[PDB]
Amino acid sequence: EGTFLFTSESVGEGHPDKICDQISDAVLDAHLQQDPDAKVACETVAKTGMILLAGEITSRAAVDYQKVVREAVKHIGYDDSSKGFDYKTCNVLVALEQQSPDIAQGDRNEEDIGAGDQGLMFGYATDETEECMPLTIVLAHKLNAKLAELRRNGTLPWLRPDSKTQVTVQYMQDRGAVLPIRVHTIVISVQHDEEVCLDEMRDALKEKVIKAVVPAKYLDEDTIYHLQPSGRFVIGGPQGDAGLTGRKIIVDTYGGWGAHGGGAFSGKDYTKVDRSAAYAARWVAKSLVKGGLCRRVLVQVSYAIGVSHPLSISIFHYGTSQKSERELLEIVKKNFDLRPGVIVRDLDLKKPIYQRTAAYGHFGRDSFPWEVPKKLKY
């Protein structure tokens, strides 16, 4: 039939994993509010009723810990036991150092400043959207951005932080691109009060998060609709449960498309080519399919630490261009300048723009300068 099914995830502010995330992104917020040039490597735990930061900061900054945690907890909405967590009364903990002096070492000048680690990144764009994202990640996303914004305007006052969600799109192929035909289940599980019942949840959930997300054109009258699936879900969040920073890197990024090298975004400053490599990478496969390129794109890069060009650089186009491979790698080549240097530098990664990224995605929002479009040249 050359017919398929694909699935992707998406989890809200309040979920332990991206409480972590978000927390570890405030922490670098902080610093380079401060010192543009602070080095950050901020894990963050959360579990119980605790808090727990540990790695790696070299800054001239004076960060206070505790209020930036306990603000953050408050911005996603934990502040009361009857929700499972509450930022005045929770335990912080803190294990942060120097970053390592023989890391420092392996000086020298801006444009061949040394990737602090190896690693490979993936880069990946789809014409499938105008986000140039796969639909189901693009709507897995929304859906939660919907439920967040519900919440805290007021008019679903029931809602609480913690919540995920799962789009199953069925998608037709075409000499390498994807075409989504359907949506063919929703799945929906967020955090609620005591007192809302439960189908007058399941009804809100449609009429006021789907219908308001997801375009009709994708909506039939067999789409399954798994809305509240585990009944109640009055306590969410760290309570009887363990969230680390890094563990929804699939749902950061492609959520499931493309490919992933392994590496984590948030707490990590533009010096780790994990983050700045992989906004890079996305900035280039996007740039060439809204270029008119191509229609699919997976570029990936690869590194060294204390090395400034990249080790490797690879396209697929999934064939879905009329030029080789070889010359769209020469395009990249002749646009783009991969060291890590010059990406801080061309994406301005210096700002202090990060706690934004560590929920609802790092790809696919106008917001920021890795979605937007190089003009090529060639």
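Positions refer to the first chain, counted from 1. C-alpha atoms forming the largest set that superposes within 1.5 Å between two forms make up the rigid core. Compared with the form deposited in another entry:
Residue shifts between these two forms, rigid core superposed: of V307, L93, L198, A242, the only C-alpha displaced by 2 Å or more belongs to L198.
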Contents of the next structure:
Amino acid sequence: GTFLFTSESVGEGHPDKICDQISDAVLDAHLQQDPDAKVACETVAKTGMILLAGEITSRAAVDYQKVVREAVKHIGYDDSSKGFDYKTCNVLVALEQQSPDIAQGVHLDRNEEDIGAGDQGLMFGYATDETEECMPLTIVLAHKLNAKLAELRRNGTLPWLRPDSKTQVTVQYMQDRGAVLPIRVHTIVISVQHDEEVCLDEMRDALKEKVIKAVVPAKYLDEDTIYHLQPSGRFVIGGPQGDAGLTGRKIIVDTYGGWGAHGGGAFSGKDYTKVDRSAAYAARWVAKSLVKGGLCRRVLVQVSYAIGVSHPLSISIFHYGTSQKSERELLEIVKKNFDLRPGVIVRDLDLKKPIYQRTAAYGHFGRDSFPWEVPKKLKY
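What would the structure be for the form deposited in another entry, rather than the form deposited in one PDB entry?
Keep in mind that what follows is only the chain, not its partners or any molecules around it.
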């Protein structure tokens, strides 16, 4: 009755994640001056280059050079020896206004609560009682391994570390009436960019003793656990120099690590009218509210929209057999307790607030008591 499941995460200096963080730094900079900014900011990263491309209509006056370079500085790319330097990279901007055709169909001359969805699309929310924060253990552990690397880099105890990292965790689970119960960690992968002087053995020993053991409870690690630590053997070239980055290329890291489902939309760089983000956050909030409210142990919520239409076109609930109530009954509870129009989600989840850069590494869910992580008390 057991099975394996694998999830991955990446660090703050992973090139795709750099782009997500820059896109959300730009969004936050606009929102600080104009809470109603319309933002659709993609970031592209390659050796020596950050390019911003997309559509922004905003009353803000934003210094893109400063916003980009400060985000890169925070990540830790501050010297040519590391492969990338915020002080001296190229920042290119190809930003236009939002299409007037979109604007007129979505939000122009519309009451805020009745704004249309900014696009069509589908979105999912997921929650699992296997951890207190209602997230899959595989992805929680993967994120925490990347966060530990950044901590040990920033505090100087492993000064050979660089910002670009990836981790991957495979857990053996037991089925339990539709819920899932973690048993043990089967395999861990860690790859992290490093300086030219440190040797493989020093790195592998540190990754096991100072990273894995500082993150993963010993009860999950045993004589059979497989470790792939610096499996490529050499990772000196990294960041955008090693691999181009783009916004919205870590959408599974951003969400549930392969569990649940995904509708395809990226989060970073987008204001609340883009339901790819706001409705996914709302669907997480619904799912977590159902689990924390004791109605389910595990649940998947789908919603979908049409551009220009406020109310979702469809709402669906799948409880994996982990509720006494039928999925039909849960759907009625959701419809009674939640209003998933984007112009209402924005009020419930406070989505004009410039907190987005904080969401753009280590997953958008399961951390920090963001509004979508605070369950709603359900009436039924």
